[PDB]
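S.K.: Spelled out, the chains give:
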Amino acid sequence: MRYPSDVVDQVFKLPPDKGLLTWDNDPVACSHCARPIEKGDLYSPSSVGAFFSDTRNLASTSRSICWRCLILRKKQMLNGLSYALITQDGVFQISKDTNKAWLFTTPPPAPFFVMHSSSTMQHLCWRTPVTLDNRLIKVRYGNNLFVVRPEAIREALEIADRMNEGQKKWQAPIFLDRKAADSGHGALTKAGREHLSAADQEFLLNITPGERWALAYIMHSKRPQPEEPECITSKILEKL
Amino acid sequence: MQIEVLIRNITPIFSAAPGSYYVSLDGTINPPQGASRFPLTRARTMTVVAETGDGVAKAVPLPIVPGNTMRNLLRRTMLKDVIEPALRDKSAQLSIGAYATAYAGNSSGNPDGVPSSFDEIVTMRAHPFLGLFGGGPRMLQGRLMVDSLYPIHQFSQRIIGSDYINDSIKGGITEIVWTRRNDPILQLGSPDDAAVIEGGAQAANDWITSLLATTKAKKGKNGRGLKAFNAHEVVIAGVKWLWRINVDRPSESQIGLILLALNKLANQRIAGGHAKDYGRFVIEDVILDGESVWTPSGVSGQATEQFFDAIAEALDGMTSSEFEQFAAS
Amino acid sequence: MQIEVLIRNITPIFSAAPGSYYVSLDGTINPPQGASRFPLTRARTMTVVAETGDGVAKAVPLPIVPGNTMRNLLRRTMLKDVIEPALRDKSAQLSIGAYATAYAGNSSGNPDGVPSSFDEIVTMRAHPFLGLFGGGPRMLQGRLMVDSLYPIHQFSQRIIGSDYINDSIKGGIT
Amino acid sequence: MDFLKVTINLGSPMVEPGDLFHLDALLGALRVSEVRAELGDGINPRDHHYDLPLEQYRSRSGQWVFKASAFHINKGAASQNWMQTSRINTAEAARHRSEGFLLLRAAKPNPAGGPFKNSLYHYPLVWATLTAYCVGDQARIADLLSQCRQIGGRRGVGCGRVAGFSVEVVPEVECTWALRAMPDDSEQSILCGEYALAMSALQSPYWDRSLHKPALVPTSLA
DNA sequence: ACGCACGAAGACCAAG
Ligand SMILES: [Zn+2]
Numbered sequence: 001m002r003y004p005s006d007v008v009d010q011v012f013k014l015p016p017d018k019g020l021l022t023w024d025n026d027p028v029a030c031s032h033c034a035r036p037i038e039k040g041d042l043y044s045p046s047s048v049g050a051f052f053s054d055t056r057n058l059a060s061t062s063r064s065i066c067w068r069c070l071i072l073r074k075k076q077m078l079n080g081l082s083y084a085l086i087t088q089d090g091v092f093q094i095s096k097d098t099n100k101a102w103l104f105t106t107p108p109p110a111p112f113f114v115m116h117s118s119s120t121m122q123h124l125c126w127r128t129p130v131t132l133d134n135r136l137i138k139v140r141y142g143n144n145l146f147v148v149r150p151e152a153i154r155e156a157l158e159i160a161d162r163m164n165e166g167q168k169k170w171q172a173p174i175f176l177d178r179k180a181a182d183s184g185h186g187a188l189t190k191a192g193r194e195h196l197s198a199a200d201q202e203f204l205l206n207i208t209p210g211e212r213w214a215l216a217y218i219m220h221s222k223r224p225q226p227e228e229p230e231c232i233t234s235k236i237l238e239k240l
Numbered sequence: 001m002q003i004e005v006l007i008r009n010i011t012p013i014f015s016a017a018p019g020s021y022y023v024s025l026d027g028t029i030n031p032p033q034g035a036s037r038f039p040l041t042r043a044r045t046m047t048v049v050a051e052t053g054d055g056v057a058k059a060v061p062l063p064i065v066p067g068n069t070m071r072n073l074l075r076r077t078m079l080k081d082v083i084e085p086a087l088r089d090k091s092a093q094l095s096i097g098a099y100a101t102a103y104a105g106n107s108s109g110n111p112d113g114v115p116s117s118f119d120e121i122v123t124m125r126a127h128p129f130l131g132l133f134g135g136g137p138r139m140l141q142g143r144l145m146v147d148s149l150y151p152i153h154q155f156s157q158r159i160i161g162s163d164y165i166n167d168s169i170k171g172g173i174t175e176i177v178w179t180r181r182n183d184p185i186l187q188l189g190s191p192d193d194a195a196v197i198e199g200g201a202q203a204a205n206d207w208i209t210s211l212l213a214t215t216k217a218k219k220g221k236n237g238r239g240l241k242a243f244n245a246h247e248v249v250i251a252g253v254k255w256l257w258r259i260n261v262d263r264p265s266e267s268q269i270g271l272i273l274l275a276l277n278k279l280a281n282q283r284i285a286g287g288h289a290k291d292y293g294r295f296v297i298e299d300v301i302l303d304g305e306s307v308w309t310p311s312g313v314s315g316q317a318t319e320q321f322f323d324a325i326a327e328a329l330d331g332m333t334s335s336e337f338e339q340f341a342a343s
Numbered sequence: 001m002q003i004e005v006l007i008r009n010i011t012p013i014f015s016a017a018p019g020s021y022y023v024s025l026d027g028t029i030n031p032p033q034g035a036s037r038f039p040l041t042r043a044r045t046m047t048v049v050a051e052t053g054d055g056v057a058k059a060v061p062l063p064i065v066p067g068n069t070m071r072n073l074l075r076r077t078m079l080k081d082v083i084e085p086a087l088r089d090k091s092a093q094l095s096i097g098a099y100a101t102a103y104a105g106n107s108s109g110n111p112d113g114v115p116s117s118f119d120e121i122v123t124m125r126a127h128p129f130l131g132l133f134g135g136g137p138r139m140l141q142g143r144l145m146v147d148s149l150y151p152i153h154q155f156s157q158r159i160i161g162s163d164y165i166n167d168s169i170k171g172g173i174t
Numbered sequence: 001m002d003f004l005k006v007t008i009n010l011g012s013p014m015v016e017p018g019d020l021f022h023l024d025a026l027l028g029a030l031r032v033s034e035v036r037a038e039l040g041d042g043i044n045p046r047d048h049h050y051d052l053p054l055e056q057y058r059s060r061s062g063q064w065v066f067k068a069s070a071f072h073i074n075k076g077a078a079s080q081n082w083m084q085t086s087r088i089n090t091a092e093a094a095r096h097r098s099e100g101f102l103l104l105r106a107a108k109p110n111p112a113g114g115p116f117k118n119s120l121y122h123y124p125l126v127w128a129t130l131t132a133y134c135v136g137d138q139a140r141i142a143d144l145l146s147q148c149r150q151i152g153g154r155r156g157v158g159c160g161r162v163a164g165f166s167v168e169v170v171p172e173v174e175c176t177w178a179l180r181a182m183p184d185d186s187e188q189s190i191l192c193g194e195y196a197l198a199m200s201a202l203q204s205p206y207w208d209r210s211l212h213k214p215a216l217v218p219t220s221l222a
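Residue numbers (the authors' numbering), protein chains in the order written: chain G, 1 to 240; chain A, 1 to 221, 236 to 343; chain B, 1 to 174; chain F, 1 to 222.
If you're looking for bench data, these hints aren't it; they were derived computationally from the structure. Mixed in with the good hints there might be a few duds.
As a list, the in silico DSS-like pairs of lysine-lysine whose alpha-carbon atoms are at most 25 angstroms apart [as the list claims (entries may be wrong)]:
#: 1; chain 1: A; residue 1: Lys80; chain 2: F; residue 2: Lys108
#: 2; chain 1: B; residue 1: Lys80; chain 2: A; residue 2: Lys241
#: 3; chain 1: B; residue 1: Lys170; chain 2: A; residue 2: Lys170
#: 4; chain 1: G; residue 1: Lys190; chain 2: A; residue 2: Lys58
#: 5; chain 1: A; residue 1: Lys170; chain 2: B; residue 2: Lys58
#: 6; chain 1: A; residue 1: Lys58; chain 2: B; residue 2: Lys58
#: 7; chain 1: A; residue 1: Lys58; chain 2: F; residue 2: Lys75
#: 8; chain 1: A; residue 1: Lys80; chain 2: F; residue 2: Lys213
#: 9; chain 1: F; residue 1: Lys75; chain 2: G; residue 2: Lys179
#: 10; chain 1: G; residue 1: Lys74; chain 2: F; residue 2: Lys117
#: 11; chain 1: F; residue 1: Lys213; chain 2: G; residue 2: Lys39
Some residues of chain A that are not near chain B, with every Cβ distance over 12 angstroms (derived) [as the list claims (entries may be wrong)]:
#: 12; residue: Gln2
#: 13; residue: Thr52
#: 14; residue: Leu79
#: 15; residue: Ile121
#: 16; residue: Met124
#: 17; residue: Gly199
#: 18; residue: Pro264
#: 19; residue: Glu336
Derived Cβ-Cβ restraints for the label pairs, each shown as a range [to be verified]:
#: 20; chain 1: A; residue 1: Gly161; chain 2: G; residue 2: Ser197; range: 45 to 51 angstroms
#: 21; chain 1: B; residue 1: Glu120; chain 2: A; residue 2: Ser306; range: 43 to 49 angstroms
#: 22; chain 1: B; residue 1: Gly97; chain 2: G; residue 2: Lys169; range: 29 to 35 angstroms
#: 23; chain 1: G; residue 1: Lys179; chain 2: F; residue 2: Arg149; range: 31 to 37 angstroms
#: 24; chain 1: A; residue 1: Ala242; chain 2: B; residue 2: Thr52; range: 34 to 40 angstroms
#: 25; chain 1: F; residue 1: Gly62; chain 2: A; residue 2: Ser335; range: 35 to 41 angstroms
#: 26; chain 1: F; residue 1: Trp207; chain 2: B; residue 2: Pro128; range: 51 to 57 angstroms
#: 27; chain 1: F; residue 1: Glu38; chain 2: G; residue 2: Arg154; range: 17 to 23 angstroms
#: 28; chain 1: A; residue 1: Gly161; chain 2: G; residue 2: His195; range: 24 to 30 angstroms
#: 29; chain 1: A; residue 1: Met1; chain 2: F; residue 2: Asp47; range: 23 to 29 angstroms
All residues carry an ideal CB built from backbone N, CA and C; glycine is no exception.
Take these sequences, add in the hints, and give me the full structure.
M.R.: Given below as structure tokens:
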């Protein structure tokens, strides 16, 4: 899998819609997934409407949308892929905290896309870049493009465990917000400020925003136990 | 072309910081759970590193007005004072897309993404107003790069510089203003005061009874009454600020529009607190590439005469079709 | 439009500052614990930057009256003396919710969170009273920018300007 | 033709980059700024941003990358989550609709979506000293960086002002230029540390999603 | 005839 639109024909196996124009000009990328639209490929002109708030994330100004993206842009597809992890095998739901911990500590090997909506409904799937290697996971949370490294997540979890192994009252070394919205997101808490060594503080201050967002779900007083998410592509196909 | 605008605030400036913060009656921010807590809306602060008693510089919160707020303030000044009246003089009418692009840079007029030719880019990035603030479906890069409002303070000397050491303040420049809301029904004192109410005394009695029942239920344990006591942090009045505006390659029209907005800028407020008259200020100095162009009657002089003539000519020949083309509608 | 009103207080002005303060019989605020201390409700003060005779600018406390208090004073005057007499002259009865909204901005503590229609906004903001103060369940922007009550003092010269210097009072006014 | 260490000092906090911030990208932006200043805004930006004083590394498959490492971010303070919004004043919009300036038929605004949508977004601000290593001409790189005023994104709102910069010749043993997005078949010997395969551009602009390729990105830098 | 307008709806885990 190479493009976000590749999930349609590879895990949803949906044939293209009808009434679609056929490109008969010089190739140009899809305005959504940057996929080339060569001669003979089925496309459709852009008709996003006045409620499209993702003009900044458009891959190109070609005003053309491939059929895979047209399938992806359906309301049933948007709602189904709000908290979805699309691997080669199928589509899983990472909405639960345990699923997030499993994904960010024991990721699947194959290429996969990670989606997470920050609101009721958002355009995600055609914006998420593919994660080619599980060591450098690219996560699209709403409008933010996050890079999550599972090794850094594990190291931060170990740092917290060493910090709070003895004290009965568990305290978060770093202030984290699940929405990545608080003005104190990523700042060191007091307990971590005078209970962590210089190296651990330096490591905590030098984590990517995506790692802070992930730890905002995985790092708590009682760490969630990782579990495999349930397959969802059947539900999405049935509702489509 | 650097613009240095020195601003002194007549009234406190209140740029609300996001988040839920609490204060006690003594003024302690985020008190321990033992004492009563009242909500607090702190002023916006930027963590800057400052030499606190020489030694090793440490990070301190510096109260500022965000750069986006002042970018939008300049845009609103331009539109309200020199652009919208100019368009009304021609009886110009703006579509929803053009209006959104002009007032917020929104792309809802044509979100599909429109390709801009090089001739079109030259034509539109040279627009007196739309060139400065880019955006829209084209998402052209604007020529304007405004900075935040940094106060002339001991902690901002690494941002502002040492050019304004005479106007610097050493102490903290924030304060907590306490606000209270009263239930008007609890302040009725006679049937004359309750005459204007449709239910008369019965409506007030029912209101007070329901208030008492709700208060007792909440004390023992939905809906919220009118009584409230809260606080919010504002930057004290009189503090001097330095505002820096820059342009990459301005035409005379764009600089003239900037100077017109600066002349008309004091009529607006900074940040929030419109109800309490927060953000009032007076321009004390406008510096155009190292020379002072500010007079008591506003930006004037021979050194800025070409910009004013150019912007006047651009305004006279201003048409809504330019806005429609920029919005790609 | 800018309205500047000059006010002279016949009787002392007392605006309670929230928070516990203590004073001794002599008159020293927050006295040492050795002496006897008595509860004191201080007048509200606003920290302001004042250019004293030394030429440097320093933050000083200034006894003021809050802008919210003055706003409510204006609103209460308007209602009790202009609007309500007209409503009663034409036999117009407000509901309890409309009464509470006119006197406190909102009829409860929970804003609706739903936008208002454009024509409704234009109608309310052109209203003689609701246009000035606004509020309501759909929190509307009023036209009235009302400020605090700053005494004409040496400490308020940087705020209110220097066109009232003849009325300035040098020493403490508290 | 000469190993260099480019150091940037900030006068204002910059926007912490989500992904790698490449030295060649900044140099290309500054070169395009120069070409705009001489010619105008009608230039094709893609015709001039490769004219940089840096030598190129070419892999077996012909994939080439500029010899300029991604900037190192060392934080002098913890990152600050900066909040910004976007809104159209509904009072002014309603007044303009009434007076005929705005041609809108919709009765109410929709803050959840549409032309009058309120939006809430955040980005992080960091105080940092930018250091990167490159192979190229010291004089021309320093001349290009002389015209640079701001570092990072959100430059329109004044984020990342440059207090100063320095270019220094350093021994190769200190660090390498390979801390960047390398081609897929880049030689292992020249890579510094662990490189994770990912999708990224190898040339500026790195934000163009049609130019993205499977590339080796250093894990200790993203 | 065609573009705009207006409401129902559907993803939903969930802490310090
Ligand atoms: Zn596509």
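S.K.: Does each hint fit the structure? Answer for all of them.
M.R.: Results of checking the hints against the structure:
1. A:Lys80 - F:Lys108: At roughly 22 angstroms apart (the allowed maximum being 25 angstroms), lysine 108 of chain F and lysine 80 of chain A satisfy the hint.
2. B:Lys80 - A:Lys241: holds, 21 angstroms
3. B:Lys170 - A:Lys170: holds, 24 angstroms
4. G:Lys190 - A:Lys58: holds, 16 angstroms
5. A:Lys170 - B:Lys58: Distance ~8 angstroms between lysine 170 of chain A and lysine 58 of chain B Cα, so the pair holds.
6. A:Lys58 - B:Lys58: holds, 24 angstroms
7. A:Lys58 - F:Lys75: Satisfied, since the Cα-Cα distance of roughly 13 angstroms is no more than 25 angstroms.
8. A:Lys80 - F:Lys213: Violated, because 47 angstroms separates the two Cα atoms, which is more than 25 angstroms.
9. F:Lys75 - G:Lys179: It holds: about 23 angstroms lies between the C-alpha atoms, which stays within 25 angstroms.
10. G:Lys74 - F:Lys117: holds, 22 angstroms
11. F:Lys213 - G:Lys39: holds, 22 angstroms
12. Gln2: At roughly 25 angstroms from the nearest Cβ of chain B, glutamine 2 of chain A sits farther out than 12 angstroms, so the non-interface label holds.
13. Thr52: Holds: least Cβ distance 18 angstroms, greater than 12 angstroms.
14. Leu79: holds, 17 angstroms
15. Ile121: It holds; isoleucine 121 of chain A is separated from chain B by about 35 angstroms at its closest Cβ, greater than 12 angstroms.
16. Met124: For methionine 124 of chain A, whose nearest Cβ neighbour in chain B is about 29 angstroms away, the distance exceeds 12 angstroms, so it holds.
17. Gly199: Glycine 199 of chain A not clear of chain B: closest Cβ-Cβ about 6 angstroms, inside 12 angstroms.
18. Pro264: holds, 33 angstroms
19. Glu336: Check passes; 26 angstroms lies beyond 12 angstroms.
20. A:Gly161 - G:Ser197: 45 to 51 angstroms: 37 angstroms Cβ-Cβ, so the 45 to 51 angstroms window is violated.
21. B:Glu120 - A:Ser306: 43 to 49 angstroms: Given about 48 angstroms between the Cβ atoms, the range holds.
22. B:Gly97 - G:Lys169: 29 to 35 angstroms: violated, 47 angstroms
23. G:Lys179 - F:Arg149: 31 to 37 angstroms: holds, 33 angstroms
24. A:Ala242 - B:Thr52: 34 to 40 angstroms: holds, 38 angstroms
25. F:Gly62 - A:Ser335: 35 to 41 angstroms: violated, 48 angstroms
26. F:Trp207 - B:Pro128: 51 to 57 angstroms: holds, 53 angstroms
27. F:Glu38 - G:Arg154: 17 to 23 angstroms: violated, 52 angstroms
28. A:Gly161 - G:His195: 24 to 30 angstroms: Since the Cβ atoms of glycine 161 of chain A and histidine 195 of chain G sit about 38 angstroms apart, the hinted range of 24 to 30 angstroms is violated.
29. A:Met1 - F:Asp47: 23 to 29 angstroms: holds, 27 angstroms
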